[PDB]
Amino acid sequence: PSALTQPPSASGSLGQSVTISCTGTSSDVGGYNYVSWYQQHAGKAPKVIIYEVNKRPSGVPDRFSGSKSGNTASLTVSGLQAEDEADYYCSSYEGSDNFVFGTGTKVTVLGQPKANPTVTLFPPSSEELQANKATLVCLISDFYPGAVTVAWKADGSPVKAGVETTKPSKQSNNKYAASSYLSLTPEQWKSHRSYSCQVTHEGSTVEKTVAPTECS
Amino acid sequence: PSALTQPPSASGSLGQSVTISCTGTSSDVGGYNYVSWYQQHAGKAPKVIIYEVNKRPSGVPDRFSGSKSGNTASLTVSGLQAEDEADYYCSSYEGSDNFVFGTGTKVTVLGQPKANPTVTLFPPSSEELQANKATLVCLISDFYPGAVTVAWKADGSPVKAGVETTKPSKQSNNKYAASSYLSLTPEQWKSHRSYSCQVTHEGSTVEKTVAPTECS
Amino acid sequence: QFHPXX
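Chains as they are written, first to last, in PDB author numbering: chain B, 1 to 216; chain A, 1 to 216; chain P, 1 to 6.
Among the clues, some could well be false.
Here are the simulated PhoX-like cross-link-like pairs (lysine-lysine), alpha carbons at most 25 Å apart as the crow flies [stated by the list, open to error]:
hint	chain 1	residue 1	chain 2	residue 2
1	B	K106	A	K44
2	A	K167	B	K167
3	B	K44	A	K160
4	A	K55	A	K68
5	A	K55	B	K170
6	B	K167	A	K106
7	B	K170	A	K153
8	B	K170	A	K160
9	A	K44	B	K170
10	B	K160	A	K167
11	B	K160	B	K133
12	B	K133	A	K114
13	B	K68	A	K47
14	B	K44	A	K106
15	B	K114	A	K114
16	B	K114	B	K208
17	B	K160	A	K208
18	A	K160	A	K208
19	B	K106	A	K167
20	B	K167	A	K55
21	A	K114	B	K44
22	B	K114	A	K106
23	B	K44	A	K47
24	B	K170	B	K190
25	A	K167	A	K208
26	B	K167	A	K47
27	A	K106	B	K55
28	B	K133	A	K160
29	B	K208	A	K153
30	A	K68	A	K106
31	A	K47	B	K160
32	A	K153	B	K106
33	A	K167	B	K170
34	A	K153	B	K153
35	A	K68	B	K167
36	B	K44	A	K68
37	A	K133	B	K114
38	B	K106	A	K106
39	B	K167	A	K114
The set of hints was computed from the structure by calculation and includes no laboratory data.
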């Protein structure tokens, strides 16, 4: 199934503590005293760090701490380590089976300065619309730590209908690049007032908006 | 903590079958009918496909099928799809509340067809030029296999610097999606005749061209 | 994700 929405990147220098907050969706993810948490390293096998809201496993340090708000379940790593570097995920269940997983969070030990994405959005060409194709690109460049969450709008109403996005790749300048697209018909484009591309990094969210024009 | 023993590849052909085995102890994959199997892609949000030795979740037909023998479990995924290109981790209950997992994996689904790319090359936008900056995306779409070699040119003689080409990553049509940006200053854009993107897929060039004298 | 309190 689907929806548990956590941070894209959670960064931290070695010492400086980090919290990973995971919010849920309106029914199942409320009066729920479960929520486990996982860590997934390089290539290796996933490990259970917290089980049922707050308790820990056997081989798990005094470092790690999970909690309740209502909607949000935190995970405060206190004493950050190079050992702690990894992707991390929050869980749950419904049905008996119907068990929901988080959108994922990188934990980064800063080895380079923090950058917030230069998010350039393009429309489809005069020519591409001569071709009977329609695709927009949201190019997301020059960022560190290297986990971005992306999201598209059509007239402010959120798409998950035509969207493919790329895994974040390290550039020449040691920072990162990603790219998302939306493909339509030349009429699916023309039919709207606006389309947009929204990107979540650390502190940042950043939109950018294109309107259909004729060039005629 | 000590981990469960699997094979690292489980190669099948497009509509064959595949056995992934996961093996433990009399303390885990043998003591309890509490073995789970998990489907995870390339960085993605990570699904559970079978939950309680043999029984399936809410929709996964009767093709994602599993079995235990003694100390060994087995996932006999029938009639290969292409989608299933994934890392399949197993798990099982240790006792005393903690859960133990399987080794670093991957199923290669063989004999899927080859896609030669859709190369979509853009102008710099009337947002960007107004910002006094210029950047052009060469989008490289829905191609298989995940090898392309991108190259750019100014009027006919190469650009190597400006350029920053992303790596290969899966579309969730389970082909590939990759990009490349060439970042200019609008004086350097408006000077020329042609500005082209030349991409090499499996012994064939796909060059697109873009030019100045347009409405922007 | 799991099994069970168990």
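message = With the threshold set at 25 Å, check whether the alpha-carbon distance from B:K44 to A:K68 stays at or below it.
response = Answer holds: B:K44 to A:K68 is near 24 Å, not above 25 Å.
query = Do the alpha carbons of A:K68 and A:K106 lie within 25 Å of each other, as the hint requires?
reply = holds, 20 Å
message = Hint check: B:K44 vs A:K106, CA-CA at most 25 Å. Holds or violated?
response = Given pair B:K44, A:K106 holds - Cα atoms ~12 Å apart, limit 25 Å.
ask   = CA of B:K170 to CA of B:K190, is that 25 Å or under?
value = violated, 35 Å
query = Going straight from one Cα to the other, do A:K167 and B:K167 come out at no more than 25 Å?
reply = holds, 8 Å
query = Is B:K114 close enough to A:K106, meaning Cα to Cα at most 25 Å?
reply = violated, 33 Å
key: Holds or violated: A:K55 to B:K170, with C-alpha atoms at most 25 Å apart   = Roughly 41 Å separates the two Cα atoms, so the pair is violated.
Proposed proximity, B:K153 with A:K153 (alpha carbon, max 25 Å) = With Cα atoms ~34 Å apart, A:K153 and B:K153 exceed 25 Å; violated.
task = Decide if the proposed pair is consistent with the structure: A:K55 and A:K68, CA atoms, cutoff 25 Å inclusive.
result = Holds. A:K55 to A:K68 sits at ~12 Å (cutoff 25 Å).
request  = With a cut-off of 25 Å on the C-alpha distance, tell me whether A:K133 and B:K114 pass.
outcome  = holds, 22 Å
request  = Quickly compare the C-alpha distance for A:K153 and B:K106 to 25 Å and report which way the hint goes.
outcome  = Distance of about 36 Å is beyond 25 Å: violated.
task = Would you check the hint for A:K167 and A:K208, treating anything up to 25 Å between C-alpha atoms as holding?
result = holds, 20 Å
Checked against the numbered hints above, the structure breaks hints 3, 5, 15, 17, 20, 21, 22, 24, 27, 28, 29, 32, 34, 35 and satisfies the rest.
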